[PDB]
Amino acid sequence: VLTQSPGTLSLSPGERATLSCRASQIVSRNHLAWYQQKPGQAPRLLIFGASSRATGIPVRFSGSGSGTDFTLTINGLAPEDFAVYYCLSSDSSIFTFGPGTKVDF
Amino acid sequence: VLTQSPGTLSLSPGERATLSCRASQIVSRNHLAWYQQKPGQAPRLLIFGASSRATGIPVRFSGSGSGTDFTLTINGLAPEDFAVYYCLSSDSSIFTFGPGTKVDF
Amino acid sequence: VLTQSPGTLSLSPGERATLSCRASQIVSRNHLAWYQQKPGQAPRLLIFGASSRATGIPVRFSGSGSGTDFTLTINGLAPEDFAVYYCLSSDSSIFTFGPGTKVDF
Amino acid sequence: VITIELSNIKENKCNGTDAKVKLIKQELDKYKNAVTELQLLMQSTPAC
Amino acid sequence: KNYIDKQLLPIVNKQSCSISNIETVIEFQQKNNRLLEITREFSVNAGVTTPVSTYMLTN
Amino acid sequence: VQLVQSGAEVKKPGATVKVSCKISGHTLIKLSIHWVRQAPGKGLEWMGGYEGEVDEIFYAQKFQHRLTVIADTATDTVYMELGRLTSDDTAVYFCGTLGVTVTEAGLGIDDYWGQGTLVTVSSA
Amino acid sequence: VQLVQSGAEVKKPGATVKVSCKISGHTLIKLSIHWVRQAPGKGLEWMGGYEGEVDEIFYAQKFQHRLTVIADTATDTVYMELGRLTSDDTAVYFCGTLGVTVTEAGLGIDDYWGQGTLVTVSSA
Amino acid sequence: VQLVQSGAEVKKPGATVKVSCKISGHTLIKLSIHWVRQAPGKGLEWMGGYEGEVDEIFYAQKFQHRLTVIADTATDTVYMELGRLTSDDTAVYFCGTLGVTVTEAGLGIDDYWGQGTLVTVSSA
Numbered sequence: 003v004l005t006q007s008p009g010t011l012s013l014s015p016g017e018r019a020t021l022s023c024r025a026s027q028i029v030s031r032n033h034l035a036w037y038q039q040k041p042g043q044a045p046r047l048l049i050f051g052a053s054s055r056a057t058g059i060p061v062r063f064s065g066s067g068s069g070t071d072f073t074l075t076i077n078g079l080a081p082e083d084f085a086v087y088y089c090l091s092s093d094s095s096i097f098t099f100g101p102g103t104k105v106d107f
Numbered sequence: 003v004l005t006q007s008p009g010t011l012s013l014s015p016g017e018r019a020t021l022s023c024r025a026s027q028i029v030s031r032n033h034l035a036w037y038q039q040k041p042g043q044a045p046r047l048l049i050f051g052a053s054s055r056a057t058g059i060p061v062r063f064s065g066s067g068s069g070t071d072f073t074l075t076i077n078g079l080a081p082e083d084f085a086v087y088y089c090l091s092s093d094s095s096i097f098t099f100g101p102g103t104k105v106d107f
Numbered sequence: 003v004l005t006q007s008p009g010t011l012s013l014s015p016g017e018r019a020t021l022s023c024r025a026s027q028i029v030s031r032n033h034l035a036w037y038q039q040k041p042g043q044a045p046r047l048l049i050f051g052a053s054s055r056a057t058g059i060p061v062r063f064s065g066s067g068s069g070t071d072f073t074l075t076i077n078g079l080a081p082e083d084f085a086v087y088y089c090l091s092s093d094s095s096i097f098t099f100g101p102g103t104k105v106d107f
Numbered sequence: 056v057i058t059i060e061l062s063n064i065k066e067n068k069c070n071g072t073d074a075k076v077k078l079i080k081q082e083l084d085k086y087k088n089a090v091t092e093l094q095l096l097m098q099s100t101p102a103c
Numbered sequence: 196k197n198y199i200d201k202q203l204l205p206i207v208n209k210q211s212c213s214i215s216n217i218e219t220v221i222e223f224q225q226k227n228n229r230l231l232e233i234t235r236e237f238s239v240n241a242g243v244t245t246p247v248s249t250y251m252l253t254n
Numbered sequence: 002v003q004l005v006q007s008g009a010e011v012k013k014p015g016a017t018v019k020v021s022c023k024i025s026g027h028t029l030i031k032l033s034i035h036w037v038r039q040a041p042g043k044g045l046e047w048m049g050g051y052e053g054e055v056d057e058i059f060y061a062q063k064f065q066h067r068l069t070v071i072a073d074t075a076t077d078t079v080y081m082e083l084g085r086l087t088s089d090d091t092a093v094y095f096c097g098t099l100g101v102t103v104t105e106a107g108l109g110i111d112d113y114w115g116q117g118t119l120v121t122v123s124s125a
Numbered sequence: 002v003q004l005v006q007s008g009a010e011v012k013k014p015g016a017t018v019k020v021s022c023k024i025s026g027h028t029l030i031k032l033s034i035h036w037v038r039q040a041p042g043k044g045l046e047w048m049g050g051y052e053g054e055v056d057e058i059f060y061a062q063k064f065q066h067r068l069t070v071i072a073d074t075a076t077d078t079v080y081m082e083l084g085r086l087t088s089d090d091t092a093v094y095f096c097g098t099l100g101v102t103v104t105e106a107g108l109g110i111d112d113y114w115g116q117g118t119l120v121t122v123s124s125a
Numbered sequence: 002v003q004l005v006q007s008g009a010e011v012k013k014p015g016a017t018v019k020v021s022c023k024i025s026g027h028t029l030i031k032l033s034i035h036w037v038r039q040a041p042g043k044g045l046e047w048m049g050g051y052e053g054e055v056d057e058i059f060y061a062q063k064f065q066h067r068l069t070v071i072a073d074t075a076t077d078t079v080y081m082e083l084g085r086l087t088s089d090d091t092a093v094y095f096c097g098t099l100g101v102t103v104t105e106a107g108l109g110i111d112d113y114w115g116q117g118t119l120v121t122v123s124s125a
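Chains as they are written, first to last, in PDB author numbering: chain F, 3 to 107; chain J, 3 to 107; chain O, 3 to 107; chain R, 56 to 103; chain K, 196 to 254; chain E, 2 to 125; chain N, 2 to 125; chain I, 2 to 125.
It is possible that part of the hints are untrue.
Each computed EDC-like pair below joins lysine to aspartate or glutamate, with the alpha-carbon atoms no more than 20 Å apart [said to hold, decoys possible]:
#  : chain 1 : residue 1 : chain 2 : residue 2
1  : R       : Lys68     : K       : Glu232
2  : R       : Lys85     : K       : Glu236
3  : K       : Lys201    : I       : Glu105
4  : K       : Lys201    : R       : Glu92
5  : J       : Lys104    : I       : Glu46
6  : J       : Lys40     : J       : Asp93
7  : I       : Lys31     : K       : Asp200
8  : R       : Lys77     : K       : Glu236
9  : E       : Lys12     : E       : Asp90
10 : R       : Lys80     : I       : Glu54
11 : R       : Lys65     : I       : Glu54
Source of the hints: derived by calculation from the structure; they are not laboratory data.
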C-alpha cells in the first residue's frame, strides 16, 4: 500500500518540484521505479532503484529515498514533462502501483 | 553528557526503528559506538565510527550522524534484537555512556 | 535574489554553527561560493562549488546544499573566524552577493 | 649497492564482507607472496 | 615501511578493520607495484639481470 | 524491439476475451512481460505476467482464479485470457516489460510497453 | 601573485574617477578580474569585470551605460572608470579575481583581491 | 580469545576488594582493557582502564584517588582494586576491551568483554 503526496500540484514551470512516496510496510531500496505518463500513451520509466537514472532521460531528473520514504525531485521543469508520476514498488515478486500525482500549470 | 531519545519505544517487529543520540558538547564523527545488550550478558558492539558496521552483524543495522546528533536505524527488526541500545562516546580519551533506550514489543 | 539567515547570531565559541542561503530562482550546485571577511580587509574564499574546500583553510569548515538551499556549517569555532559570511552565486555568468550574516560572541 | 626497505607482516586476523577492506587484504597477501617467493631465491648463488 | 607500518598495520590487526575511503586503496596499489615487478623480473633470470630495467634503477 | 498489441473490440458481459502480444527483435527467453490495466481516468494496476528467466507466472491476488495466462515460447506470443468479465472492466490494457534483475554488481531493467489497446464492455 | 590598487582620493559630484590595478606574477591572458564595492557598513555588490579567458567585459544591469571598463592586455592593467558619479558612492573598492571554470573533470577558482582603496565624495 | 573473570563474593562496607582478569589468546602488549559497572537495572559507566599500546592508565574523574589499577604485562593480568567501598556499589562488573585506534586510513576496534561477575555489599 503506497501513498503519494501532495496529490495535485500546480507549480510554475522552471522551478524545482518535489514528489513523495510512502510505503505502509518496509520495502527495499531497489525494486522501486517511477513512471511518468501523459494520458493515452505508454508510460516511460524515469528512474529505477530509487537512485539510478534510466537510459535516455535528461540530467534534471533525480530521485532518492531509503526505508519507507521515497522522494523524486526534478530540477529543471521543462514544459514537456507535465504528466502523472506513478511510484511502482515490489515487495518480493508482486507489483503494486500508487494513486498517482499530477503536475499542473 | 549524552542524552538519548525517545526513551522507551514499543513498536511491532518487522518495522524500521529509529534511535537518537545527542551530545551536549561537540564530539568527533569517530570515537562513537553503539552497544546493544540483553540483561545479564556481555554487551555487543553494533557499529563503530557512527557509520561503519562491526564484524558479524546483519546488514539490517546501519548508523549515521555528524556533529552533536547521531542516529541508529535498523530496517529489519527480528525478534532476536530486543535489548537496550547504549551510545558510547569519547571526547579525547574519556568514555561516557548514555542513559540507554529500550526496544519493547 | 539571495536571502541569508538567521541574520545575526551570537553563539559561544567551541560549538558548531549553521548558516543558510536561499535562492529565489534555481541555481546550479556549482557557481556558488562562501566568503568570510573581517571589516576593512580583503575577503577570503572559504568554499567553492558549495561542497569543496579551498586551498589553505582548516578542516573544520564544510559546506553542503542542493537546489535552492545552501548551508555552511563549521565544526570548531575558534576566536579567529568571527566575521561576516557572504554567499555568492552566479546564475549564468552574472554575480550577485547576499545580505550577509554575522557571527558574534 | 641498492637498498630497498620493506616491512614484514605476520598474518591479517581481521575479516569482513565489506569491499574496500577486501582489496587491502588481497594486496597485502600479494605483498607477502612476493617477499616469501624472493626469500627462497636468495639461497642459490647467482650464475652470471 | 613509512606507509604499511605506520598506517595499515594497526588497522588489520584489530579483528574489525574498516578502511575509510577507496582513495587510499588506489594510492596503496601504486606504491606496491614497483616491488612486485622486481621479484617478477628476478624470478625468470635466477638472480642476474641484464640490461637493468627502469623498475630497478630508474633514470 | 517494439511490442505490438491486438485490435480494439466491443464485448458483452459474461464472455471471455483474448489479448495478444507480438515481439519482433528479441527471443522472449529472457524478457519478462506483464499486463497492466488503466481505467478511464484512474490509476493503473498490475494484473499478472510471465517472466521467462525463471519460466514462472504470478497472478494478482484480487484477480486470482479469474484469469489464465498462456505464453508460447516457440510461437513467441503471450496470451491474455480474462474470464468472468463484468461490465466495469472497460479499460485500456498495456503489456509492459518491467522487472529488476538484482545481482551482486547492479540492477537491470527495460521498458518497451508496446502501444496498448482498449476494450469496451457495452450492452449491444 | 599579489594585486596592487591605486591611491585613495577625495572627489566632488558630477565628475568621473579612474581606478587601476597592477598584476605582478601573472599574464592577464588567463585571469579574470572584476570590481566590487563595499559601502561603509553594508554588503558588497558586483559591479563589473573583464573575463580574460574569453576576452569579454561584463557590466551589471543596474550599472549599465554608466561606467566603461578597459583593460590593456599588453600593459597588464585593468582600468575601471565611473561616470555620472553621485554623492552616495563613497565606498571601499576591491578588485578581486573570482570565477569558476567548470570542466568535465572538476572545478577551478582562485582569489587574490589585492588590498582595496576608498573613495570619498565630499563637498569641498 | 576469551576473557575470564574472578569469582563472585559478598562484602561488607569499609573494606577493599580485588578483581582479576586473565587473558588467554593474545599478549596484552596491544590489547586495551577497561572496567565498566552496571547497576542492578540501570545503565553502565566507564570507571578506568589500561591501554597497553601507550602503556598508560586513565581513571574516571568521579572515581579518582579512590581506586588503583595494576596490570602485570608479563603475567598477562590486570588487577582491579576498589578502595573505600560503600554500600551502594553492589553492581555487576564487566572488563571489556573497547577502544578506537584511528589512523590515516581507517578505524580499528574489537570486543571480548569476558563474562562479568557481581559483587554484593551486604551487612553480614
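Hint-by-hint comparison with the structure:
no.: 1; hint: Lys68/R / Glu232/K; verdict: violated, 27 Å
no.: 2; hint: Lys85/R / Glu236/K; verdict: holds, 16 Å
no.: 3; hint: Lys201/K / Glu105/I; verdict: holds, 9 Å
no.: 4; hint: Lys201/K / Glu92/R; verdict: violated, 25 Å
no.: 5; hint: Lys104/J / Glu46/I; verdict: holds, 17 Å
no.: 6; hint: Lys40/J / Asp93/J; verdict: violated, 27 Å
no.: 7; hint: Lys31/I / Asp200/K; verdict: holds, 15 Å
no.: 8; hint: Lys77/R / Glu236/K; verdict: violated, 27 Å
no.: 9; hint: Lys12/E / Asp90/E; verdict: holds, 10 Å
no.: 10; hint: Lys80/R / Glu54/I; verdict: violated, 23 Å
no.: 11; hint: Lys65/R / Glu54/I; verdict: holds, 18 Å
Comparing the model with each numbered hint stated earlier shows that hints 1, 4, 6, 8 and 10 do not hold.
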